[PDB]
Amino acid sequence: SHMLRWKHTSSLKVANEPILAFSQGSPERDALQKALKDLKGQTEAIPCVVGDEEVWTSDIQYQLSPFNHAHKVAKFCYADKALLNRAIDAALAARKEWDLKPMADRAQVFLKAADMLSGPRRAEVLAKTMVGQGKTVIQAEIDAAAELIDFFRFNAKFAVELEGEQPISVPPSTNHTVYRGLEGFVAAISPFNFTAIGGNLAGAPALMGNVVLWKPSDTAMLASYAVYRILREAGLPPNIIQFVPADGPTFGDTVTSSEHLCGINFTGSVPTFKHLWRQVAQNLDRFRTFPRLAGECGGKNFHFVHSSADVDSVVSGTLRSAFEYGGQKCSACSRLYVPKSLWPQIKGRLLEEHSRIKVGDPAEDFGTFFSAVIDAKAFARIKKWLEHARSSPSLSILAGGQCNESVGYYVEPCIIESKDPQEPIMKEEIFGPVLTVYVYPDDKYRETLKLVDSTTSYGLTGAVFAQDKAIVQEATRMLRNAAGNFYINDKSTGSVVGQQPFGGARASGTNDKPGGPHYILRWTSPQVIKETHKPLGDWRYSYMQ
Amino acid sequence: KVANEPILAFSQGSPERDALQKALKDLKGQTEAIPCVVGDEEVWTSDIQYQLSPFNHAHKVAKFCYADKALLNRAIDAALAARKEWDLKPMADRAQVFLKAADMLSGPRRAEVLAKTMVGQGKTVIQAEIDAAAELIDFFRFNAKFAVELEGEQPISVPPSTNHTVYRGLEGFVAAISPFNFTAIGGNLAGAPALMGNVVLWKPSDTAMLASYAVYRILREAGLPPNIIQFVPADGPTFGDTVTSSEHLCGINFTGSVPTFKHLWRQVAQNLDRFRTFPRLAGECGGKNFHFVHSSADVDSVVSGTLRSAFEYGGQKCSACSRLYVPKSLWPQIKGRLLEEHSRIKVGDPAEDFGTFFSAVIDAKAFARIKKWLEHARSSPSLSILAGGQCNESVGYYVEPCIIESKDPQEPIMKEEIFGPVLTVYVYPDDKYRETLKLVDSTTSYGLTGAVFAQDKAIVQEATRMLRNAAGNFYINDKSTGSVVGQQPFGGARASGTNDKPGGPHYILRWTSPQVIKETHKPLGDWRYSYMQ
Ligand SMILES: O=C(O)CCCC(=O)O
Ligand SMILES: O=C(O)CCCC(=O)O
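First to last, the protein sequences are chains B and A. Residue numbering for the first sequence follows the authors' numbering, beginning at 19 and increasing consecutively. Residue numbering for the second sequence follows the authors' numbering, beginning at 31 and increasing consecutively.
So here's chain B without its partners, still in its complex pose:
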């Protein structure tokens, strides 16, 4: 008789969250305008949350509205090391019960949270993302609603269905895999540029039975706290995700110094990821187990045009990739490679369309294509690149090039032509609305493809525009490791959960493919149980007779 009895596993039907249109007179447009008004002139005081306790430290910080930095949208504080360690202790004390909860019960929290975000909370998270991170309507919509909702629903499906992955049983024994959470706590460290990423970085490990210290991005605090509150309201128990904004170095020092660290789920700069990686290595003898580091780290992404390309698609897809959300995406196109034969046509269209791009206040004017960049630091960096484009003999500014930080961190979309395919601006991630173009002779398309592949340290996203099948096949083979998300006749941004799992290798990170069915596997440490139902025999074997 079987002493361990394993319950049958269920399945989950989910689909991508539909993108809304926000047409005039539509309910979502009116709801959004109301949610935007709800934020005008408001400052939210956002505490650290440990368990259910709201905690304040002396390290007071402000989040500013990028397009109106006079507006402090949130006042928050950095957790001190004492509070971080207390958060660790409380999370650890909550972990066993949470890990032992059926996967389906944990998933229900995220499915509930996804419905809330889909419906009654949509306008709120969109508005907080627009005002706090400077996103336009459609950029907030694909992010804080659609992607976050998809993460929560698809990850719940992947997780529930994962328990159906079971080993073979042969008499006289029954074999079962238990998908245990990691023993210890996970540190989640999220970036400013996507509300959805913060929710996934903290949420996915929690779904798999982990407990988490979540350090949200300073410049995305407003929307991040909104998401945190929704998770708790959806039924996430206390001490499963601790909401602990903190000084970055301080946070990293603290979590990497704890013997109970079992994972870091990170999205941000290469240098910071490498630094955490080395801190873990330094402390390796202290940990109860080997921590798992996951990092997504940015790119220098390309659109490559072949002479057979559809010109109109090249222009609109490049404009979107390069300039949406001010080019502040790890996936944004920042290098465009154009054949000489098409350059007159493409150049003309790009400059014409450029003149029609409206940069302004995304809350007050829905005609805005994109708005201010995130903060003074980003503004200063981008300014230095525009200045480099002027001084450099290999570079010439074809359009834009101006910026003004008197009201918001405003930067014109800028199009640069480089005569040098190895110019530093062709190599280094700017994270601003700065597109560099290199024109290559048609008969050197193959040599140029090799340049696309070899010029930068990154491997995140890239697109090929071509109507020639042989060329598409050739280019796809050549560029296999130049992009983890590769596009044929479409723009290099806008990966959708369950359709284009996102991530790339080289300097771009560990490529764990959040948005795909395998991502959750990083956050479980499986145990296999074999129950044998018959007495064992002798210790000897018959051949020994």
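It cannot be assumed that every hint is accurate.
Unchecked claim - Quick look at which bits of chain A chain B covers, simulated, 3 or more residues with Cβ under 8 Å:
#: 1; stretch: 499–511
#: 2; stretch: 518–529
#: 3; stretch: 553–561
Read the hints as simulated data drawn from the structure, not as lab findings. Virtual Cβ for every residue (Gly too), placed ideally from N, Cα, C.
Please build the complex by placing chain A with the ligands on the supplied structure of chain B, with the hints as guidance.
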């Protein structure tokens, strides 16, 4: 569609026993000169080494050599030049090489790989069979299946776009570093990554060289192209230093000591700025595994299962039982039975005497380490040797099975991995079983295997909960050793490693870095959006 390879019985007059006997005779008095292989080139260096037969160390079963820094760097370059074409091969075509190798190992080469594992690593017939045949064959067949099926894992496509995932090999080379104790593990450490489109420098274990090279040659004969796996025995630190110094390192597939894995981890971290991508480290690092007995246990099963787990292959398994917890009420039975069966265990030459239960330990270094523990057992106030404890390295590295009782559940012998035929027993008061379960969990730094023996359902349920993280491979009424591919994926956390569960369907995921391709079949619209108008 694959199933597990049958374990043969090797009965008198059977085809397999006749074939194995011939294969053993084929190796008697033989020394194979095993070169480094880079591509198809057989390379010798001046750094000559020998592999000795553990039970007869006068027999040099192989002469090989250590690849120097320069040779290793040459092997990296050659492998890297072969990687693109190998990775571009359809998954099915790479799989075919491993399925052919599996069929070879199953049939015409079975006796050879078994004999080489017996003579070279000191395994008995059945230990070689479950290892060099069954487990290796199963790795190759199951990973092939998993990988082929992985290509069927594809994302959602919505018109007018088609999405496809390409399971790329990792860009760079993978270093595979395998242990002496399982022929199959070497085959998997180098084989699994190669299957997924990687190129590999394989540093096989000195003390398993003969069988490892046998596997290497089978892979080549089965159609593995030149420069996909380089066969590069080497000094450990030299190999580690060289591979972690290359900008092209993309993975380390390691099975061996905790401190060495930690060292490699730290070398990678120190050199992080040099690498083209973040290397993936995978490590399986041993355990201090338990058999916990409840008063309701079947004593016969406890005795036979514990004897096998503790002493098979001289206890030289990362999964071997080395701490046994017994309730006072059952101790007189279990002690009496353990001591009686002990006196019947045959230690000797496994080639010449199939009556042998287990043979010599792997080498002089192992013999010395194990003897230090026996000497500790003779010194410690809380330890008493109940049986065994003898050892003699005059002819082979022979260590008798040893049964020790500890009065201290926290004694270093209860905590530290010996990798020898040394079983320590702790007797607990029946009414303190719960406190004792907690001690099972908290005493050691490891989390690999464990067994509970009990016939009471509530006890089994309670124990399972409490030991959830004490064991990655957990057994109810069965021994802690002998995981079978596709049935009990193997590995554990805590200090026991990264727990990537080789033997299961997810292991190959560590050795692929997926790419997603989206093709859009209609021209793109305007860059503007309707809501902006
Ligand atoms: O910037 C990021 O980190 C996410 C980009 C995702 C995408 O555009 O596909
Ligand atoms: O010792 C090892 O490294 C493998 C042990 C596998 C098992 O016995 O389950």
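Violating hint indices (sorted, rising): none
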